[PDB]
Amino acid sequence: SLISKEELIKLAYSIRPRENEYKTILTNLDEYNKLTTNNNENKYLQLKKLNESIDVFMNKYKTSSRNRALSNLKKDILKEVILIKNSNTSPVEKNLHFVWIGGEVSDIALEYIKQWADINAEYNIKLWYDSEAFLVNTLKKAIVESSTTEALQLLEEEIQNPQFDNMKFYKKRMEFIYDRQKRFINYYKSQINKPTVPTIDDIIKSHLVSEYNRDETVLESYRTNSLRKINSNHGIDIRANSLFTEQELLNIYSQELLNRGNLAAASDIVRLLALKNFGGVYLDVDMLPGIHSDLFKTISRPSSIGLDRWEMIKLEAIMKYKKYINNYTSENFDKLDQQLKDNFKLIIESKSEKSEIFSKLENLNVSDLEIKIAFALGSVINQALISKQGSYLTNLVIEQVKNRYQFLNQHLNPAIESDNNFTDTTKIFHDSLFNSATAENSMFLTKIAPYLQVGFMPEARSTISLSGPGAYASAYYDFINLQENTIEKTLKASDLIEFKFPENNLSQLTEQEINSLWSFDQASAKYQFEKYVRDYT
């Protein structure tokens, strides 16, 4: 039990009469100690109220002799948060949530989902989609294809220089992309309020037929097949479900889905609302179940093969002899020495059920306050998540995302609404953005500065800091330190580790995972540019 009001009175001594702010601390402490509630969030919020009142005092009376005792109380409060979190756990809701928005769900994605379904038959599978937006990826590809050609045409003379910097290509192409996105967006805005009440796909189809030489019947067949396919495979529509109830969040989702065509960012929003509203486990479609821990304990990893590649090899081995997933790569497995291969084969073929190879989730016991997350390279990654319905931490991540977009949009909206070209819009946005820099936010600003070109130019990675892992990392800081909307503070490793998605419950290093991971550095830019120039007519 936290120290009593009477004990703090002893320790927090001063020649001075009790300050109002100190009386408030004592009341808040007493009221925490006297709580009869069994509600963990209620307890946490009272602790937060107390902690905040301590900071008010210490920041106002910076040389008070009470500060040593108050600082010690703050250290005890950090521990109390952990006691509350670990005081109670119970199994997460037996739901698996996947998301595929913006086009036809791939056969490969369905094969990966099937592994989870087969192994966890008692879990309810939801494959979230947007019933109005099956043509978003088609539109983005059309815009990028057209802009690539335009940029090569404009730059043809300059490209013959052996010292041509492909960044001029990516920059010029982004100018064409931005203008094409703007023409679509403005057309959308002119139509969306009509009494005919058109859908997003109605508008995309019209625009593609008008401006991109597409056939209406072909596009409609793709749209209806996409809808049938996803509904036949655990599909649940975000729109029919009314998953969004906050206009602010719907607007964030829409700015990614419609204005930017960033389906990854759109899915970042949907996965959070799915967990908030239903609870369970969120998985990217390239995640696979964990392999039984002892399955390959009798095979030793060669010194020449790294830890991650060895994980890849285990899955390659399984899929070579079981073929659960069709045409799975055997690239790394095939390079193994023959006795190792023979060894994998004996073990794998000795098993008769898939349940002898992959392990079940069973009960994933969590605190009702928390969210758990996958790690990659010691950092959180939102490709897999666990949370009970309505958890405080999931709500903190949502609050982080809202706060980050509010800041982004405060600076970006006036620039976009000026209706300038890409170059001038970017300058207006940046000038406003960087004039708001502080010691607290400066790296955040730098990370969101290239927002408009995410997905289209190398090294533009703003998503991480808006809807992705950065929002989660800051929410964990918020949780542990009883704060709200911190920006660039992060936990030490030992405070973060308790929130890790259990390793035995997840195979992250899959063939599709390795393909789908961000690679648009300067080296990939050069390779893509070579292929563009090669294919240029």
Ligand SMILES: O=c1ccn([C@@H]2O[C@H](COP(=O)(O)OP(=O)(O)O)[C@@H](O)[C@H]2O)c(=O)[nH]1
Second form
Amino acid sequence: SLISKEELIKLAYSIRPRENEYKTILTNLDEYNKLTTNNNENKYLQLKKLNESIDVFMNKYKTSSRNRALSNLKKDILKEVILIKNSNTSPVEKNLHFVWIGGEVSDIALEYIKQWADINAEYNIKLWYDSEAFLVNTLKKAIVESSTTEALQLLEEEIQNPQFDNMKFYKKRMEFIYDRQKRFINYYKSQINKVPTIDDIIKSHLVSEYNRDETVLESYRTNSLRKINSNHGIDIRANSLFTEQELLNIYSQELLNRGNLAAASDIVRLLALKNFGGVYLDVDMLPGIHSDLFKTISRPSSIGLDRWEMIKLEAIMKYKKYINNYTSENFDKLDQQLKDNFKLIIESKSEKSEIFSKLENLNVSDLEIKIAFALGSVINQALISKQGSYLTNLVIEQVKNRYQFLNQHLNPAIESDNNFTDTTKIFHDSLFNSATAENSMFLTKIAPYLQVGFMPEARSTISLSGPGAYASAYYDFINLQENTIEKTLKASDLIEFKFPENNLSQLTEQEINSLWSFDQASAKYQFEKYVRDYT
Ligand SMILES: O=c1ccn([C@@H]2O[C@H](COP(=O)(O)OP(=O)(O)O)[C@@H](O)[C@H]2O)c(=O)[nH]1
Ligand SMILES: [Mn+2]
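Output block for the form deposited with the ligand bound, input the form solved without the ligand:
Everything in the complex follows now, all chains and molecules, and the chain you saw is the first one.
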């Protein structure tokens, strides 16, 4: 066990009589050692309480002779965390969570989900949706289309100049995008004083402001609702996932104010795991390839490890056709002897499960959450966690704490009723006065929050509901803290939380398509398409 109260008394000497903060430490040390409980969260919390009481002392008495022995004890506490999390492991609840909010779910997403279904016939599959918001994506399309045209009519004479910089286009368009969102939101607020749905209001707004037939829009709603209930769909609003008002407001400011489905989705995946436990997966993930499968086929030295994994999938698809119209462009580049060898291997396999791994058992700790990796960094596109896991609750806290930081400076900025430019200067001015050595990177990364999705290089979502929130919660757990903004674990500490590598295929056609590339070059590119399609 941890060292005893009676030997800390020996090692933590001082000429001074026992300070009360040191007495409390002794009491926490005895409480912990003398625990009978086998409840890991209980054990962990008692560890956390002890470690908190050590830090108070060492901060109050920075020169006590007791600090060496209390420092060595903190080192032993850090080791105890790992002992606790490795002490009662078991498999996870056999649920798969997928999420599709915002519009009609694609046939192609349904095809990828069906792969998971077939291989893992004993998992209960849930496809989360929001019955209130099938028209959000449609609305955001219309606003961006109208704004593009507005910006081009305004910039038309300056665009003739060959040294014109497309960034000025993107700033201009975003002003227009902001005003259109604002009008919609104020219209929304005005209609909810009595009890209408988001779709009712989007529908009315589209007919009034964007020349839409209510009957076309209604058919899209009913059809998209039908198609998702026929495919494992389950409505977030009927199962009361949001019990906390704080979290519902976060999901609504993403779903409604910004119209950011990715971010609104990040909230939902965590609540799903918290309430039901199991495995979350983005709809562009595929099951893992059997490990042996292509061991007799050596990767050419000209082809990166990544393309090689992309190729193995294309091979299975070209010969098994699990998914219709799956790209072949990379498999085609191979020398005929490779192609043949792939065809021999694949076409000699009888059943789908001889090709793809099944999850089967996923034996993990009830304290933890496991997560996919990319380039040695975490990425929230696959998740494993037991129902009500502590680390799952920590990630929620991080997200709450991060949005609370954000709205502190943003809400006063928006309530002031200004245009996008004045709103931004007000927002930033406030934001950068909060700056410390602790948070300055986080601050400059959520500074372009309002333009995420509409302008190149806005990636605030990463630091709010995405990986940034996860990386910090992993730090908080290992180091028995709360609410860390920026601090990170070394690679070897991080690795324990990896999603089992062979149980996932992360390099899919859709993953690659749906992957962020709104950099300065694709903005150049996209701008020319706009100028080309102008009238
Ligand atoms: O219109 C959308 C697009 C995104 N998503 C959710 O966000 C996840 C990830 O989106 P995407 O793959 O496009 O983003 P990426 O991870 O590549 O940045 C999807 O699996 C969906 O659950 C959604 O619900 N509606
Ligand atoms: Mn993706």
